[PDB]
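**Student:** Below, each chain spelled out in residue letters.
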Amino acid sequence: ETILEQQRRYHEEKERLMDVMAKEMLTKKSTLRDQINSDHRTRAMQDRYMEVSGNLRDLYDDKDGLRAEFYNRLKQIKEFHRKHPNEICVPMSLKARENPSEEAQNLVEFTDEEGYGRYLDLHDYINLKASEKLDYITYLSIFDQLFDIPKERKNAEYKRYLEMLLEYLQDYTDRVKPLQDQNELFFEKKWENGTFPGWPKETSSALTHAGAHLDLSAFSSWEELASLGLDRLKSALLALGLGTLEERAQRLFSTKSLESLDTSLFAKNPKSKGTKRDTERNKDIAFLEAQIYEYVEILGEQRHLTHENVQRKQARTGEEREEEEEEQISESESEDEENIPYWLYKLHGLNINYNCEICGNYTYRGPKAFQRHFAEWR
Amino acid sequence: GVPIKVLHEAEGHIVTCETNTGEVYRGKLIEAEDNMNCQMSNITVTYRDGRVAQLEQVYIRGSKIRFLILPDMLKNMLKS
Amino acid sequence: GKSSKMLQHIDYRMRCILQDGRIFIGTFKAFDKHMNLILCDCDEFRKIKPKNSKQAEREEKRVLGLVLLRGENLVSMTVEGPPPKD
Amino acid sequence: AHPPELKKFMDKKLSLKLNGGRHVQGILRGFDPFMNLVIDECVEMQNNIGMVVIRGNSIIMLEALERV
Amino acid sequence: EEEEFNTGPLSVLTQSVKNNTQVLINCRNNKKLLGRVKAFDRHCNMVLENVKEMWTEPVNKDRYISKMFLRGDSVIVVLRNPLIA
Amino acid sequence: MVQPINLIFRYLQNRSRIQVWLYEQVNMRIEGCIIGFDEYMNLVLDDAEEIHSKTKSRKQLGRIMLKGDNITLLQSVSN
Amino acid sequence: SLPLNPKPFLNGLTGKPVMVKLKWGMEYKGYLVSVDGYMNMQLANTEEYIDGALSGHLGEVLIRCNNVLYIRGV
Amino acid sequence: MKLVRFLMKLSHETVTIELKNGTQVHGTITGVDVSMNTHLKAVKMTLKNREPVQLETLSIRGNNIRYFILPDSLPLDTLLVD
Amino acid sequence: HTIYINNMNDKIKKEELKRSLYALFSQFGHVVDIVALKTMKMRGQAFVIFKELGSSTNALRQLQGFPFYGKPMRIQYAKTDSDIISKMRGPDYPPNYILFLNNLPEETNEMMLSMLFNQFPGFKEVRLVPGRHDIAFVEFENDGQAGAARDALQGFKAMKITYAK
Amino acid sequence: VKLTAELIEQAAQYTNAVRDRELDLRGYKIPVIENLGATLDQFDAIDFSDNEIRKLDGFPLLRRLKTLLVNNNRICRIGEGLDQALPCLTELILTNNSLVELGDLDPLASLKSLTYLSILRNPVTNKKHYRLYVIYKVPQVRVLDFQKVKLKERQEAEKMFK
RNA sequence: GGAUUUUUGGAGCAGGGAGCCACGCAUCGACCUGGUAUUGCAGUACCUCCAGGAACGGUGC
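Residue numbers (the entry's author numbering), protein chains in the order written: chain w, 2 to 68, 82 to 107, 114 to 144, 149 to 210, 217 to 272, 276 to 288, 291 to 374, 392 to 430; chain h, 4 to 79, 82 to 85; chain i, 4 to 89; chain n, 4 to 48, 54 to 76; chain k, 20 to 76, 89 to 116; chain l, 14 to 92; chain m, 2 to 75; chain j, 1 to 82; chain p, 7 to 96, 145 to 211, 217 to 224; chain o, 2 to 163.
Derived by calculation from the structure, the hints in this document are not laboratory data.
Taking beta-carbon pairs under 10 angstroms as the criterion, some of the chain l residues facing chain m (in silico): (1) 36; (2) 49; (3) 50; (4) 57; (5) 58; (6) 61; (7) 74; (8) 77; (9) 82.
When the alpha-carbon atoms are kept at most 35 angstroms apart in a straight line, the in silico DSBU-like pairs for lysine-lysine are as follows: (10) 178(p) <-> 57(p); (11) 36(i) <-> 52(i); (12) 92(k) <-> 52(i); (13) 50(k) <-> 8(m).
Note that CB positions come from ideal geometry on N, CA and C, so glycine has one too.
The whole structure should be built from the sequences, with the hints applied where relevant.
**Tutor:** Have a look at this one:
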């Protein structure tokens with residue numbers, strides 16, 4: 002096998018994919034814009050387009066129609095980028117043949133399926153125009169990633185966690201809204223004004239589950255951003271900074292839950308048996324807490340959006356709440372791309405129950421009619 | 004029972020069954036009785052040691068079933 | 004009187020303990036006379052029920068999915084988390 | 004007071020898994036609502057024990073050695 | 020039914036409640052409960068007073096339980112005696 | 014079709030010596046001649062024996078009523 | 002005998018010395034005072050034989066039905 | 001007579017229950033039903049060979065109960081009246 | 007549809023024999039089932055059942071005398087139809151051992167058809183030789199071998220061979 | 002005729018003659034092995050006979066796959082991470098394919114459970130020492146080309162190539 | 001409304017010792033080397049026999 006051909010086909014496929022996700026970014030600029038905006042608040046350096054472009058949903062001169083679909087295409091582009099990364103990887107890693121090419125001369129076959137099957141394999149399933157999804161990701165379904173209450177990233181469902189929380193505090197004095205008020209705590219509040227004692231079991235377990243949820247939700251709602259990049263960023267921030278909490282009065286706080296006069300005693304405390312014990316037992320929890328913190332910060336807009344939703348639904352009536360639910364439901368299960393003679397009938401013999409077996413086990417109400425079935429189209 | 008109706012709904016689907024002894028039987032549910040007696044076909048069985056085997060036809064008594072895994076095709082009885 | 008003690012926890016995420024000592028966590032959607040249970044998005048745990056075990060919270064976890072458990076083999080249930088909204 | 008749906012398995016050779024890690028093989032000759040079975044030409048897994061009664065109580069699983 | 024509680028094997032329990040006498044209950048848990056029968060039923064559920072629970076672990092052990100309810104399935108044997116005396 | 018209860022009724026009439034497999038106990042089985050039985054499969058056995066499969070030892074019992082709880086399986090023996 | 006059933010057999014054995022084996026391998030010898038519909042059993046002057054050896058002399062005893070393996074007249 | 005009826009009266013009592021599997025349960029009864037299925041709150045449950053876990057709520061299948069240890073204060077003679 | 011194999015090394019355990027048999031014969035078409043016992047009577051033998059008949063004929067001709075676990079296997083068409091085939095599916147001379155017909159020309163010849171017919175121990179009558187070289191009269195000692203030859207070239211891209224029904 | 006979940010979903014599924022769950026992928030003219038995820042790891046073995054596959058590669062993690070029938074294809078190369086996606090691969094039938102160099106069979110050394118191997122009707126077969134080379138480089142094989150790997154061959158393959 | 005498929009139980013109990021490595025007893029099964037018998041058209045508890053090997057597997061105490 003001549004490597005030249007393989008590497009060629011690779012560069013060609015990469016080109017094909019770039020072209021596909023570029024065509025996408027073209028039809029609906031939001032796809033990139035959306036993504037980029039979020040990226041902006043994670044990696045501050047990122048340069049973002051002119052606001053006007055974002056609003057008018059245009060890339061150069063033409064303003065494109067505003068578009082579940084955005085998210086869909088974002089996950090599709092996600093798998094595309096996965097393919098691309100794979101190919102890039104493998105890639106990083114004459115007369116003799118022309119003679120054997122003479123093999124099997126006599127085949128009556130038309131061969132127009134190398135670039136067409138690929139170009140096609142990655143383009144905007150149906151006969152003509154029913155499903156935006158490419159053949160590449162024809163079995164991609166968002167509803168298996170997002171619940172109905174999340175509305176493809178619009179809201180995050182925290183009712184469940186309100187339940188678990190009630191189970192944690194061993195009472196009922198806590199309302200959904202007071203619970204959200206609790207969540208708001210999450217750079218210093220969640221640490222110095224904790225809902226519960228941060229050494230409580232139930233509490234730490236809860237916090238773990240919740241943290242995990244928030245993180246998965248985050249990356250779920252923003253497929254286009256490099257997950258590994260974000261993860262590593264946060265981890266390094268955790269290791270390198272998080276005596277990051279400093280007070281002019283009490284000094285330096287340690288996530291041992293104690294302060295320290297000066298940096299000196301703080302350092303000579305990070306080798307002590309106490310801190311060794313704690314950092315060796317409560318490491319995973321501390322880290323998870325931190326993640327909950329930063330991921331909730333990155334999702335401030337979604338948190339607010341949901342809290343709002345809560346208050347709304349709460350201030351609804353019965354009919355209102357019902358119709359709203361109807362709406363959320365429809366949004367959830369909708370295609371991502373839209374396209392008298394009484395004795396007369398007895399006398400005449402009609403309205404009498406009868407059945408034809410060969411036709412759909414069909415029912416006929418009259419004998420004259422069924423006798424007319426014998427000559428019919430169906 | 005409500006769960007029983009949902010079980011009968013899985014007839015004709017591929018299901019997984021663990022017995023009271025922990026043998027794990029996966030295949031097509033042909034018939035499910037009221038008492039949880041289960042007729043299945045074209046089975047893969049995974050014993051407690053990990054080894055697999057293949058069976059054409061089986062029938063397991065309801066009492067000696069620990070649990071069943073049904074498709075997720077059913078999940079969509083929300084009234085109760 | 005009320006019959007509610009099971010119906011209350013319906014739709015909630017529930018931690019169920021089996022007679023061999025397994026832990027089944029799923030969404031409690033249905034029960035009956037025998038306490039045969041219907042558990043959506045159900046996973047099985049063996050080693051632990053985590054209360055924030057600093058080493059790890061999860062070992063021998065298995066994704067099962069939609070589970071019907073027979074009541075014969077059920078021991079007990081506690082509330083694990085609130086209902087998922089979906 | 005239902006019957007087990009076993010008419011399909013009547014007069015077929017079967018493999019019976021019983022409690023205690025016990026296994027026997029034989030031809031189904033009949034049954035009742037408790038799933039008690041009559042098994043003919045039965046063999047303990054191998055030694056021939058003839059026609060026997062298996063109490064449904066102690067029946068874990070059966071497998072047909074034939075096509076039904 | 021009362022007749023069957025009165026004269027049948029459960030008369031052991033019927034007699035213990037009436038006379039407020041002690042009985043030793045051999046139990047499935049490999050433990051033995053020694054005390055007085057305040058109430059009982061078909062299943063041999065019981066409400067017991069002044070219960071001395073005894074078992075072994089070899090080391091013998093015991094413990095006092097003033098008031099308790101026993102689910103009757105755990106019953107192996109129930110013994111009446113010159114124990115109360 | 015032969016019904017299981019009837020098989021027993023046959024065992025009874027025949028006075029065939031019977032060997033019973035017990036529930037969750039493999040090392041011991043019981044033997045005897047069924048004289049009568051009831052709706053719960055409780056059996057009255059004559060000249061009955063405990064059979065130790067491990068020790069090859071037999072314990073002589075005489076008149077036995079075995080609760081049906083223990084019955085796993087019923088077989089006939091020539092002896 | 003012409004069909005001798007469980008129930009009559011046990012009733013004939015009331016007033017008699019019996020030994021009951023339990024599923025758990027304990028054995029109890031005594032005079033059968035009575036039995037009931039569920040086959041719960043009442044012994045007097047009971048003795049306990051464990052490993053076939055006299056262990057304890059117990060007196061009057063109720064045995065729950067589910068424990069019983071078999072009963073023998075003796 | 002039917003002693004489950006007696007147990008059904010013990011809502012809002014705190015008890016210790018020993019299970020068939022050896023587990024020990026201490027909590028406040030919210031409800032006992034006809035199958036002796038028992039429901040509790042503010043529960044400290046100690047599986048055999050663990051340190052306790054605390055649960056806000058726990059629901060026990062009735063058959064899995066060995067026995068209830070009742071409050072010493074409990075006025076049995078009152079509760080046994082129907 | 008079923009081929010009968012004999013002269014097999016009977017030291018191979020039954021489940022291994024059947025699995026290698028399945029593997030080896032999968033190259034010609036889907037094998038529906040394999041019947042092989044170790045009784046005195048049946049040891050060293052096996053019945054291999056294929057969904058397609060052309061697959062059975064191809065297998066027979068191509069694996070005749072193939073070294074399997076040390077011995078050269080001998081293959082033949084089975085005497086009767088397999089129970090599984092009869093169930094999946096639902145004249146007195148048939149199966150017949152004389153196949154006469156034509157539609158097999160193209161420089162074809164008598165030593166050609168005589169060697170193709172020769173492949174079979176049933177090689178008895180072979181009539182392919184006039185200017186024709188396209189009329190084939192084949193008398194095969196027995197229908198297992200006539201059926202073997204016929205099943206071997208049962209679609210000589217389409218020739219016409221008609222048993223002397 | 003790309004391999005597809007849609008293709009895989011309408012494919013004959015059955016319990017084969019050796020009592021294993023098998024998927025029938027035969028005779029579709031598949032050129033590249035891909036999208037196996039959709040089988041959901043539910044098959045003991047897959048029948049890929051009579052297709053146009055060039056390389057035995059592209060498999061997802063499939064823990065239950067124990068038998069691979071790959072007869073009459075165009076296999077000329079074997080992928081390098083096969084054990085990482087097929088840990089219990091026990092039987093591999095490659096009859097009538099295109100493996101030409103002994104070194105191209107090297108990736109099979111990493112399949113720890115591989116016990117039944119068939120490479121007949123491949124040019125590689127006629128290479129000097131082909132059998133001994135396979136035995137030394139893939140010692141986990143017990144039956145090669147339907148013949149028992151014997152001790153004497155193992156020793157002989159230990160001399161040559163030691 | 002305690003008698004075989006659920007809620008009045010068939011449960012209960014038994015493992016460390018020796019210097020990371022190795023392990024008592026009983027039963028059953030393939031199983032592995034040699035050698036040897038059979039050439040038989042079937043739908044199957046298993047399937048020749050003879051000698052040697054088991055730092056093999058399962059179950060119970």
